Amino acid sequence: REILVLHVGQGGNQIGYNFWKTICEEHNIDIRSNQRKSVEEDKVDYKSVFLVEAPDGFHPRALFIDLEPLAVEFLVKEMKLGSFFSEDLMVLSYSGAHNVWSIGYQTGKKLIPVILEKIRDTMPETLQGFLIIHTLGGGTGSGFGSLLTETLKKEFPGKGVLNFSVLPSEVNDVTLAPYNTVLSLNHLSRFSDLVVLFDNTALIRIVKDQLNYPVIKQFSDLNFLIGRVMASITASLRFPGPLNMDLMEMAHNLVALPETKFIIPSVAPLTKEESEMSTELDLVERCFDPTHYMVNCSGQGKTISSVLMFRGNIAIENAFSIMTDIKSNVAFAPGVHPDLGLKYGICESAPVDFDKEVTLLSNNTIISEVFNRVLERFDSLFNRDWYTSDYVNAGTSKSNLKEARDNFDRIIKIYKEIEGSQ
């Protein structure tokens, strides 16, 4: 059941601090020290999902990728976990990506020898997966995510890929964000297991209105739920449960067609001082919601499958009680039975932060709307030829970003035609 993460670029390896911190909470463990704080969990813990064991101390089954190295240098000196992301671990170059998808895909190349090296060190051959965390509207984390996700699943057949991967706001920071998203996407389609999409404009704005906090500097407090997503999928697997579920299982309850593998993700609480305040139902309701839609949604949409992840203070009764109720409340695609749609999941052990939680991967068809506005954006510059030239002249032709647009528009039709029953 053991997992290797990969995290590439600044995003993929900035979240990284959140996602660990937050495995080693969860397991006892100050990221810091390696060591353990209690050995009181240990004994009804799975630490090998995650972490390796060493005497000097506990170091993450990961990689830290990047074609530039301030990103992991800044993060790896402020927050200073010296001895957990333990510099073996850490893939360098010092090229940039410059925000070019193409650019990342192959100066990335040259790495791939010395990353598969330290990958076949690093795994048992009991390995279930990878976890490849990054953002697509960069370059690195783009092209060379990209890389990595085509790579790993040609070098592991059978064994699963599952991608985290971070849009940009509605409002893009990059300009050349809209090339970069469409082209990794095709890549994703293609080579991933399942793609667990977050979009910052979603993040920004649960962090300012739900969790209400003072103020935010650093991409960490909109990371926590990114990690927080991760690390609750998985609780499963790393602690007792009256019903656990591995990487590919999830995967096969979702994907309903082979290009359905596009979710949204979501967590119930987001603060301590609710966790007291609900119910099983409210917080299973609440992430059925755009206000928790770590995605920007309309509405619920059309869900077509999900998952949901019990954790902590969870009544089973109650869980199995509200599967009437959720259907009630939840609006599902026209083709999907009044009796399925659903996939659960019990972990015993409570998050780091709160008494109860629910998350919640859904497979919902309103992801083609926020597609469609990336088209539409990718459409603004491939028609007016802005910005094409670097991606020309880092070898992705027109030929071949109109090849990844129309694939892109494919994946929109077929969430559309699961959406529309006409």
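What we label the rigid core is the largest C-alpha set whose atoms superpose within 1.5 Å from one form to the other. Numbering follows the first chain given and starts at 1. First, how it differs from the form deposited in another entry.
- Only one candidate in 385, 53, 40, 376 has its Cα displaced by 2 Å or more between the two forms after core superposition: 40.
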Second form
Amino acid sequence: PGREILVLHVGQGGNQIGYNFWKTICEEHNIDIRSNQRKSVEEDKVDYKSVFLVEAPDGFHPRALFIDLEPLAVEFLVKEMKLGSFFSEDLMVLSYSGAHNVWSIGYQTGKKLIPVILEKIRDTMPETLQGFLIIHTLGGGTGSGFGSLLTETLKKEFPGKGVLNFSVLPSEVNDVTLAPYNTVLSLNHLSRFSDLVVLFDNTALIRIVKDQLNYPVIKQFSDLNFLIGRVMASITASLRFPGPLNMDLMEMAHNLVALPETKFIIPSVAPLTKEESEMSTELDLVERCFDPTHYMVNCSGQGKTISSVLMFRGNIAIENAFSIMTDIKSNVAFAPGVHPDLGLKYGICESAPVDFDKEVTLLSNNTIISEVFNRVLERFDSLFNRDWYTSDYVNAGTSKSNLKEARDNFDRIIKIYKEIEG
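Next, report the structure of the form deposited in another entry; the form deposited in one PDB entry has already been given.
What follows is just the one chain, with no partners and no other molecules.
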């Protein structure tokens, strides 16, 4: 026993992403998410289901909690997707009042539910648990504020376990006017308490779906969130399936985090379709991952890579994975201090994602984060310098001085990334 992970889904976005993640995990392990059972003995593959799944005598269950301050997002999701016996009631921590898109309300109100969450965690977590994944959006109030609270709480309550965040940044035009406040407060909290923050934003995700998958229409968030689930599944694949070169959560974090503050990560995956997986080389897929068209954060260019983790899944030619490394280092811009021989961390897993021949997933610690974060900061300053929208932060325990303190720490992180850029 060991390597187990517990996933916390927080707020509307975090729980809706949870559906796609758990659907992917069950499919990869040939588990029927509706019966809780293996689909068959004959197609049961050699694997390690316990990373994300709890096997009980009756069947398999997610090692997850589904957390929100209002019940509708989760309840509607469970009904629509017929998840009632997988996203079961004993895994739900739901209130009634909502955070009303204010980080401070999510943080304060979430405090009331922390005892229940800790009891549920301590009720079912194996002692060998390797860490926690927190899935949330940063632009709303619950994912941002309650998710920040949970990041702080778990790091304090379970020292020695990893705390990783999968966090959705606001779109290029924000669809929550309060998002700059919520995003700065969240990123400040995660800089203090998270071990690694993997970032996404909907502008990039929509671009990928429309331009790489060519979906005719996006009618539900399930036709966006599958990309986040794919990253979460693929970067943990070598914990769950055989392969030549496996890596765990903190192994990946240690290879990425050059300085303690540089823990904000941009993910990408290639290819996006089965047809492309059958007509691509390892070199082509890695080049796609390092191209801004495939970044799941909206970026103006390639930036400068400080450090990267690449997971090769499936029908991978190991000699190609290694021989292209000089090409990667020559064709991709790395930060000035990165030695020509350094900056790459490899995992290789024999299991391809569903019906694909092969797939590459990239986690990049890239100086371009400074540009992404500077834009958030500019949005923040446009509100804060006018004292707009501050009242309900102040009324919920975040003073105007506190907002400024969070902004100034956020700026310090931006400047660290910019300094590494040269």
